[PDB]
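What follows is one chain in structure tokens, specifically the form deposited in one PDB entry.
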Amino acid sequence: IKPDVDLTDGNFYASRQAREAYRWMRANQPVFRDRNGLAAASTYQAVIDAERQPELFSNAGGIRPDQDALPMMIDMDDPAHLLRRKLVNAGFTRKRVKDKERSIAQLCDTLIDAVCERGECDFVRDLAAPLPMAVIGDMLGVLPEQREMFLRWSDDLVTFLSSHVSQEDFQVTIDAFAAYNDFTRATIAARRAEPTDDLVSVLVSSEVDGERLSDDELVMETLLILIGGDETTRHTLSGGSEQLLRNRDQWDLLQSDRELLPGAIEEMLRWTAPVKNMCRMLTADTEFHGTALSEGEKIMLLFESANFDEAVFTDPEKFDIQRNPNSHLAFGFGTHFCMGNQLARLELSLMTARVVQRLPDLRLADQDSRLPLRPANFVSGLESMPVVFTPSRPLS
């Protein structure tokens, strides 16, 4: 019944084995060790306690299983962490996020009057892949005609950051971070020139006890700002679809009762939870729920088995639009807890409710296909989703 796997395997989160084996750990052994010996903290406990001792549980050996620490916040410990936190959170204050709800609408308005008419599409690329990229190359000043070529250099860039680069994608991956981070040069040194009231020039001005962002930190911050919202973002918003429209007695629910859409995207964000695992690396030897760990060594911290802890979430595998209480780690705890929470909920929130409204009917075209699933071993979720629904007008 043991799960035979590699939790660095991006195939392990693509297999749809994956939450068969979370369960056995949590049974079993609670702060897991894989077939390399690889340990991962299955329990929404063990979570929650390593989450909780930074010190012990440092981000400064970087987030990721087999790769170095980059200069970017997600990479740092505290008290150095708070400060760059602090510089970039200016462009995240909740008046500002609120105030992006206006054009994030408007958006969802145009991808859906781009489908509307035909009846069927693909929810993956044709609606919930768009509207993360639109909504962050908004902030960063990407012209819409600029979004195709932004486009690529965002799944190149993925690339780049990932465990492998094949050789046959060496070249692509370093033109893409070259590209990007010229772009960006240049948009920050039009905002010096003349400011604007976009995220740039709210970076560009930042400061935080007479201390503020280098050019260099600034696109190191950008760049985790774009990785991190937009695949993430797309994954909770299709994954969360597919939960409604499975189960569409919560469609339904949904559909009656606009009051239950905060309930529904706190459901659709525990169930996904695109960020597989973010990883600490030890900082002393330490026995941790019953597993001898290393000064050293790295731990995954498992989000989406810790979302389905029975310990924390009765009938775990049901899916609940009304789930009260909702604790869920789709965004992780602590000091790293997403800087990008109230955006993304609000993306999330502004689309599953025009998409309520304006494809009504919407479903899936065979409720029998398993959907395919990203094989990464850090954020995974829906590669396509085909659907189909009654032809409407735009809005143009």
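The term rigid core refers to the most C-alpha atoms you can superpose between the two forms while keeping them within 1.5 Å. Residue numbers count along the first chain shown, from 1. Compared with the form deposited in another entry:
Annotation: the position in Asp249, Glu117, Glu295, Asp215 displaced by at least 2 Å at CA between these two forms, with the core superposed, corresponds to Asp215.
Once you line up the core between these two forms, the Cα of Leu203 ends up 2 Å or more from where it was.
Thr314: CA moves less than 2 Å between these two forms after rigid-core fitting. Core-aligned CA deviation for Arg323 between these two forms: less than 2 Å.
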The other form holds:
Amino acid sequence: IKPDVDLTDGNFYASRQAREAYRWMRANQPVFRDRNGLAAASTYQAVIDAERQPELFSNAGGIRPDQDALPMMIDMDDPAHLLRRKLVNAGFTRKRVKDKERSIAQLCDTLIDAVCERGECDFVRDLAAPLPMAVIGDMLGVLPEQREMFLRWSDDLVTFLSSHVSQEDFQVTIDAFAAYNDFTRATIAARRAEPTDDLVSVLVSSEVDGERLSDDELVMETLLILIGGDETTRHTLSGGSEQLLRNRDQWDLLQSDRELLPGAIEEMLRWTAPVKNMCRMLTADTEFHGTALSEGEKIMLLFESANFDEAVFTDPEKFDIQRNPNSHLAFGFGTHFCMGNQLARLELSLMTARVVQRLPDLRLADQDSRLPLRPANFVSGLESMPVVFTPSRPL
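Show the other one: the form deposited in another entry, since we just had the form deposited in one PDB entry.
A single chain, with no partners or molecules, comes next.
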């Protein structure tokens, strides 16, 4: 009953049998090797054990499979990593994210205002995807009318990450990066001459051990912040809201008592796990949870598998917004623990609260059909989500 899986095949993460493959992994081979020999930490304990040893499980070989390291902080180890983190993390603390609550809240109602009179919308296209793009776009200095453009580039950069990608879809990826690279490098120059307060200008004026960053790194550190912002939270928003709709009792709980929202957000994060994996590179041969790992090979941290680990969670296949503690690993753990985790939790809190309040009779358009997941091996979620609701007036 061993699953036949290629953990770099995007089709695996779009199939609804992925979690049954995870369950076999956790019970039979905690450090799993897929049909091509790729190692993966499948249990909560194995993921945590690897995260706690960056000296042995390094990021400096790149976070993706079949992909060399890039000049971004997530592909670095300390000290180099933490020097980069400290340059841009000031605005991402819990307190500094709270100062954005007012502006994030109005972006939410602006987006709901645009569909609330129609009685129908695509939850992904019209609500889930545009919120975080506007939030991180504002922090990156992206003009509001340039938001769909950056979202389109972002989609093209992550949608076709798969071991079985066609040469043409791969062309879409390198095209999107080239277009993103041209735009950003012109923005590099404008921020050099005329500095601003956006994160790009903070990056341009930064120095590490006395020297400024290269344009190659500046372009990639900006892209890391962009994709982290606009290709992650959107999937918890849509997938988590789907679970509230497929389990109406949870949706009813949240309206009857809005104080349950923070717990609902944590369960949406655990369930959806938008970042399906991150790679680590072994710096030496080791024995890890009974599996022999060789120096130089990559191992995937399977965050969704860890989030449904029965050794940690009671009844992990139940969607339960009252789960507490909910020590999920959607944001990872350790050195590279998500820098935007507080920002994503506030985006989720505010948009969900207004969906529940302003679209109170929300339901899926077709409860009997299943919504398609994105067949990619890095970030993945609902491709679309047609919903219907009783129309109301904008604010």
